[PDB]
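Undergrad: These are the residues of each chain, in order.
Number of protein chains: 2
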Amino acid sequence: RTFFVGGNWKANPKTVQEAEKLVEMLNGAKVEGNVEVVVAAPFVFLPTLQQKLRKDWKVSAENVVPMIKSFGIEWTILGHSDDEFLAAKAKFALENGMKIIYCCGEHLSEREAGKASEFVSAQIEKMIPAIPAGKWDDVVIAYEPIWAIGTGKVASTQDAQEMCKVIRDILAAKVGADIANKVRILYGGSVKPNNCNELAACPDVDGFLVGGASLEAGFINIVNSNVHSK
Amino acid sequence: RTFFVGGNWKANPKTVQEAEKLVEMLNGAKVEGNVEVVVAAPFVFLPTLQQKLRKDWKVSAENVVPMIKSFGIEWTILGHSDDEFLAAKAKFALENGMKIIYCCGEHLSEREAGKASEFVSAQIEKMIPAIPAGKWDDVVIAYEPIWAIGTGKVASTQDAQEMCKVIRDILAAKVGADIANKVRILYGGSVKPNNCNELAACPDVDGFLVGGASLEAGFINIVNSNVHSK
Ligand code: NA
Ligand code: NA
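For the record, the sequence lines run as chains A and B.
If you read the first sequence in our numbering, its first letter stands for residue 1, the second for the next number, and so on.
If you read the second sequence in our numbering, its first letter stands for residue 1001, the second for the next number, and so on.
These are calculated hints, taken from the structure and not from any lab test.
In silico PhoX-like pairs for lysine-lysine, Cα to Cα no more than 20 angstroms straight-line:
no.	chain 1	residue 1	chain 2	residue 2
1	B	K1014	A	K89
2	B	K1069	A	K14
3	B	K1069	A	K10
4	B	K1089	A	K14
Go ahead and model the full structure; you've got the sequences and the hints to work with.
TA: Right, dumping it as structure tokens:
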């Protein structure tokens, strides 16, 4: 599996002039190793990025399809924080030729209750029937520890490895080892230059859906952590 | 009051190539009379319009601010279908230098109950305290007959005149005749080349927030109906 790093700008930066300067910085970054890089940005900045961003990386929408496809954009994030509704959108996007970063993850109450693996497994079980055969090459899954984002609680490296393996286990049990061995599963908690290398080394962590560090020079460090993933 | 026509593209057209062709058609349109024209489009098309649309018209976002301001966009629609939440957003947008098309209007149940004027009056009463003094020149109000959009019921020319006067009456009663005499109040029901002239002639109708006809050559007919508004 090729390591995968998505930069999720969220609602940033606040001006198109800042977006263009960020793209200029990214275009000079020296990537090491083997890694697939995607950058998601606010809708009004997608034309700028599609025109100006280095063509060995790909642009992503933050949510959704014919409008963004008319610019040549191939990716969207889905589910970033109803599972039936979300799975339907995954089906629609794949059927219409999009590649997707499908997000899952549990809130604080389920984590504190000891139900994290049960909750996330059920989210993926609802995703699974919606993926068309032949479309699994166009799917990446991101685990978002919602319980550790804005709560005053922090996730460990072991938490990341454990929750990514939970997802791989349920793929293997429901759709088979071939699919489970090819799907990239990302950690989408707090990822920084100070922890990306130890996170990347985890066996079931295939990359990242990066938040605030995607707006900084440190994004290249996170991209280049792929060399620590076996 | 200068007649005001806003073209609300909603979630249209489906490709940027179609958006550019529509802009090319609009750029050759011959406007008659005295009218202020604004065009609102999906977020991913706003850069295209801001670059290519005739500079005697203005571009609008469909909802919201620093991101669109960084392109030079001066307008947004608000409230198109909580009033306290909506009024707060109006306050925020005006305080940050935006001009707004603030939408109101009642659903089918309130219309059938005989409560249309009471419901719309209360919506405007919640809007009124949120407008900063000195900002009323940057406010336009649109009446949307939600009860006549997708319900199998149709609004009359008299309904349009009546509901626009209801809005003007409550401005006059709460903030005074000077403000009530300057604020443009738009009809935002179904507006077509076949009814725009009789609608424009209504004394309290100052223009339109146009839906599907804004995507067609007939938009210029609606823009040019200003000559029938005294
Ligand atoms: Na790894
Ligand atoms: Na009139």
